[PDB]
Amino acid sequence: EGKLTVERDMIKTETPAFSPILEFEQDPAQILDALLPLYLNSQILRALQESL
Amino acid sequence: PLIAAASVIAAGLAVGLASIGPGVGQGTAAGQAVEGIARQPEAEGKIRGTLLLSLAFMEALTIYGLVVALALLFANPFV
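Protein chains in written order, with UniProt numbering: chain R, 261 to 312; chain A, 3 to 81.
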């Protein structure tokens, strides 16, 4: 209209099961221990910018 | 005879103690080969080609051990 609204679609993306042949140089009980700080930072930045 | 009996004992020992070596290495190789083919069945053709190329040189040592056992059984030029 003459005014604005919000457009939010729950955008999904695939589970690629990325590769069976991809090798874990850091022992996938160990790489997740550092991957999870990244999930924390991404969630906190998405919340920060959603608040803004 | 006696020296021929010792050659027969050597024929036992040679082919007996030979077959364990490739008989463990080729097994470890086969386990890791099927693990590789399971993590990737895409390159399976060249995988099995390399598998045969390794398996021939694997079994050749046990073949030569059985050959030395037969060469002490019958074709013993020292006894």
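Careful: at least some of the hints might be erroneous.
Okay, the calculated beta carbon distance ranges per label pair [as the list claims (entries may be wrong)]:
(1) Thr275/R with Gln42/A: 39 to 49 angstroms
(2) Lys48/A with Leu305/R: 15 to 25 angstroms
(3) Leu295/R with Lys48/A: 47 to 57 angstroms
(4) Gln290/R with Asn78/A: 27 to 37 angstroms
(5) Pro43/A with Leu264/R: 48 to 58 angstroms
(6) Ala45/A with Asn301/R: 50 to 60 angstroms
(7) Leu54/A with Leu296/R: 36 to 46 angstroms
(8) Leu282/R with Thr52/A: 55 to 65 angstroms
(9) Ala12/A with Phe278/R: 50 to 60 angstroms
(10) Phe278/R with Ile49/A: 42 to 52 angstroms
Read the hints as simulated data drawn from the structure, not as lab findings. Backbone N, C-alpha and C fix where the C-beta goes; we use that ideal spot for every residue, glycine too.
(request) May I ask you to test the hint 55 to 65 angstroms on the CB atoms belonging to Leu282/R and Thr52/A? (result) 21 angstroms, violated
(message) I want to verify a distance hint. Is the separation of the beta carbons of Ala12/A and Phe278/R within 50 to 60 angstroms?
(response) The hinted range 50 to 60 angstroms holds for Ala12/A and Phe278/R, with Cβ atoms some 57 angstroms apart.
(message) Taking the Cβ atom of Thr275/R and the Cβ atom of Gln42/A, is their distance within the range 39 to 49 angstroms?
(response) Once the Cβ atoms are compared, 19 angstroms apart, the range 39 to 49 angstroms for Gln42/A and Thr275/R is violated.
(request) Return holds or violated for the Cβ distance of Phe278/R and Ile49/A against the range 42 to 52 angstroms. (result) At roughly 21 angstroms between Cβ atoms, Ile49/A and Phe278/R fall outside 42 to 52 angstroms, so the hint is violated.
(request) Please test the hint of 15 to 25 angstroms on the beta carbon pair from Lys48/A and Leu305/R. (result) Violated, at about 46 angstroms.
(message) Can you tell me whether the CB distance of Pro43/A to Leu264/R sits inside 48 to 58 angstroms?
(response) 53 angstroms, holds
(message) Please check whether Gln290/R and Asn78/A have a Cβ separation lying inside 27 to 37 angstroms.
(response) 60 angstroms, violated
(request) Starting from the hint 50 to 60 angstroms, judge whether the C-beta atoms of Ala45/A and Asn301/R obey it. (result) 38 angstroms, violated
(request) Could you check the hint for me, namely that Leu54/A and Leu296/R are 36 to 46 angstroms apart, CB to CB? (result) 45 angstroms, holds
(request) Note whether the CB distance of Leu295/R and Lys48/A lies within 47 to 57 angstroms or breaks it. (result) Since the Cβ atoms of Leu295/R and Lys48/A sit about 34 angstroms apart, the hinted range of 47 to 57 angstroms is violated.
When each numbered hint is compared with the structure, violations occur for hints 1, 2, 3, 4, 6, 8 and 10.
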